[PDB]
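Fit chain B to the supplied structure of chain A, relying on the hints for placement.
Number of protein chains: 2
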Amino acid sequence: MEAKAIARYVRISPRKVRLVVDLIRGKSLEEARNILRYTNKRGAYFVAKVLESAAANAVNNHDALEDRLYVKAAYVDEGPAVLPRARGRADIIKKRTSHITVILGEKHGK
Amino acid sequence: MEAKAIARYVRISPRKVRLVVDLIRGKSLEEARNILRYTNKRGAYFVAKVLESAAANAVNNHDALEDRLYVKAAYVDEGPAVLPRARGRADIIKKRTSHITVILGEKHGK
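Sequences listed follow chains A and B, in order.
Residue numbering for the first sequence is 362 to 471, as defined by my numbering.
Residue numbering for the second sequence is 362 to 471, as defined by my numbering.
A hint or two may mislead.
[As the list claims (entries may be wrong)] Simulated pairs of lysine-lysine, DSS-like, Cα-Cα distance not exceeding 30 angstroms:
1. B:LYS410 to B:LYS377
2. A:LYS456 to A:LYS410
3. A:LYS402 to B:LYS388
4. A:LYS468 to B:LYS365
5. A:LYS410 to A:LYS365
6. A:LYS365 to A:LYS402
7. A:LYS410 to A:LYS468
8. A:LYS456 to A:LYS377
9. A:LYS365 to B:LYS468
10. B:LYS456 to A:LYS365
11. B:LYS402 to A:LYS471
12. A:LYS455 to B:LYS471
13. B:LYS402 to A:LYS468
14. A:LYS410 to B:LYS456
15. A:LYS455 to B:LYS468
16. B:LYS456 to A:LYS456
17. B:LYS455 to B:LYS388
18. A:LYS456 to A:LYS365
19. B:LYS388 to A:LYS456
20. A:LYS455 to B:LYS410
21. A:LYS388 to B:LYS468
22. B:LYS388 to A:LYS410
23. B:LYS471 to A:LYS365
24. B:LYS471 to A:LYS410
25. B:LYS410 to B:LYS468
[What the hints assert, rightly or not] Sample of chain B residues at the chain A side, in silico, Cβ under 7 angstroms:
26. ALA434
27. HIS469
28. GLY470
By construction, these hints were calculated from the structure, which means they are not laboratory data.
Using N, Cα and C, we set each Cβ at its ideal position, and we do this for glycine too.
Pulled out of the complex, with its shape left as it was, chain A reads as follows:
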């Protein structure tokens, strides 16, 4: 009935990612892919990656049909702040992370 995928600790600000997921909510899988390819917003690549994982889960788990898939939900949860360069005590700032969730469903199913 439903397929989903989640990407955790993505190194992008939730505020930036939110801009991208709102573009694809409610769109067919085909339309969502097209939108993400032609937007130039930082974060598109990461959202496209989760979308492709959700589609694979739909096809592998429930043998759902990709041409019937659409984005029922897409949202972002705030992750912890993290210090890049792991541990090198230089002079770098802290960046926020995001957890991205995409849920796909198909028009007419079982």
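Same frame as chain A, now just chain B:
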């Protein structure tokens, strides 16, 4: 997907209920409540019921704070069909029922 509630077999056409859930997606819990109270669309009552169930679960069981809750996702799936008559031959579907899902989460992100 912090706190989720679902209402199944709602005897209202998915197309009609969708117009209601689109209004509250992404809003804070308090604003969604006011939106539903003032909206004069069929299905508002059933959406309100699912929202309140999700809110009760979030606050009572998940120890989440009502002031930080927002509608991360809200969507409608197509449910079983209703025939034109209860007995005798039928050659068309009258309408479809709907399943409504609402997922609440805390603050930041969208």
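Right, here's what the structure says about each hint:
1. Taking the CA atoms of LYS410 of chain B and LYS377 of chain B, the gap is near 16 angstroms; set against the 30 angstroms cutoff, the hint holds.
2. A distance of roughly 21 angstroms separates the Cα atoms of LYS456 of chain A and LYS410 of chain A; the hinted pair therefore holds under the 30 angstroms criterion.
3. Our distance criterion of 30 angstroms between C-alpha atoms is met by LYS402 of chain A and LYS388 of chain B, whose separation comes to about 24 angstroms.
4. Proximity of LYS468 of chain A to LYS365 of chain B is assessed by CA-CA distance (about 22 angstroms); at most 30 angstroms being required, the pair is judged to hold.
5. With a C-alpha separation of about 12 angstroms, the suggested pair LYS410 of chain A and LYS365 of chain A falls inside the 30 angstroms cut-off, and the hint holds.
6. A C-alpha spacing of about 23 angstroms is found between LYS365 of chain A and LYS402 of chain A, which places the hinted pair at or below 30 angstroms, so the restraint holds.
7. Of the supplied pair hints, the one linking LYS410 of chain A and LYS468 of chain A holds, its CA atoms being roughly 22 angstroms apart against a limit of 30 angstroms.
8. Our distance criterion of 30 angstroms between C-alpha atoms is met by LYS456 of chain A and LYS377 of chain A, whose separation comes to about 12 angstroms.
9. A threshold of 30 angstroms between alpha carbons decides the hint, and for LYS365 of chain A with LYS468 of chain B the separation of about 22 angstroms falls inside it, so the pair holds.
10. In summary, the hint linking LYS456 of chain B to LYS365 of chain A is supported, as the alpha carbons are separated by about 28 angstroms, within the 30 angstroms threshold.
11. The straight-line distance between the Cα atoms of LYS402 of chain B and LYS471 of chain A is roughly 28 angstroms, inside the 30 angstroms bound, and the hint therefore holds.
12. Between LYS455 of chain A and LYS471 of chain B the alpha-carbon distance is near 21 angstroms, which keeps this suggested pair within the 30 angstroms criterion.
13. The suggested pairing of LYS402 of chain B with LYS468 of chain A holds, with an alpha-carbon distance near 24 angstroms, which does not exceed 30 angstroms.
14. The hinted pair formed by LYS410 of chain A and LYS456 of chain B fails the criterion: a straight-line CA distance of about 37 angstroms is larger than 30 angstroms.
15. Restraint check: the Cα-Cα separation between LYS455 of chain A and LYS468 of chain B comes to about 21 angstroms, which is no more than 30 angstroms; the hinted pair holds.
16. Taken as a hint, the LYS456 of chain B and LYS456 of chain A pair is broken in the structure, with Cα atoms around 50 angstroms apart against an allowance of 30 angstroms.
17. Among the hinted pairs, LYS455 of chain B with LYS388 of chain B is inconsistent with the structure: their alpha-carbon atoms are about 34 angstroms apart, more than 30 angstroms.
18. The straight-line distance between the Cα atoms of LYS456 of chain A and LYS365 of chain A is roughly 27 angstroms, inside the 30 angstroms bound, and the hint therefore holds.
19. Annotation: proposed proximity of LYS388 of chain B to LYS456 of chain A holds, straight-line Cα distance about 26 angstroms (limit 30 angstroms).
20. The hinted pair formed by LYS455 of chain A and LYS410 of chain B fails the criterion: a straight-line CA distance of about 42 angstroms is larger than 30 angstroms.
21. For the given pair, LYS388 of chain A sits about 25 angstroms from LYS468 of chain B by alpha-carbon distance, which is consistent with the 30 angstroms threshold.
22. The suggested pairing of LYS388 of chain B with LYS410 of chain A holds, with an alpha-carbon distance near 26 angstroms, which does not exceed 30 angstroms.
23. The straight-line distance between the Cα atoms of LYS471 of chain B and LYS365 of chain A is roughly 17 angstroms, inside the 30 angstroms bound, and the hint therefore holds.
24. For a cut-off of 30 angstroms, the pair hint linking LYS471 of chain B to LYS410 of chain A stands: about 18 angstroms separates their Cα positions.
25. Between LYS410 of chain B and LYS468 of chain B, the direct Cα distance comes to roughly 22 angstroms. Compliance with the 30 angstroms bound is thereby established for this hinted pair.
26. For the restraint placing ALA434 of chain B at the interface with chain A, the shortest Cβ-Cβ distance is roughly 4 angstroms, inside the 7 angstroms limit, so the hint holds.
27. Annotation: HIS469 of chain B was flagged as interfacial toward chain A, and the flag holds, the nearest CB pair being 4 angstroms apart, inside 7 angstroms.
28. With 7 angstroms as the threshold, the beta carbon of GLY470 of chain B comes within range of chain A, its nearest partner Cβ sitting at about 4 angstroms, so the hint holds.
The structure fails hints 14, 16, 17, 20 (numbered hints given earlier, in ascending order).
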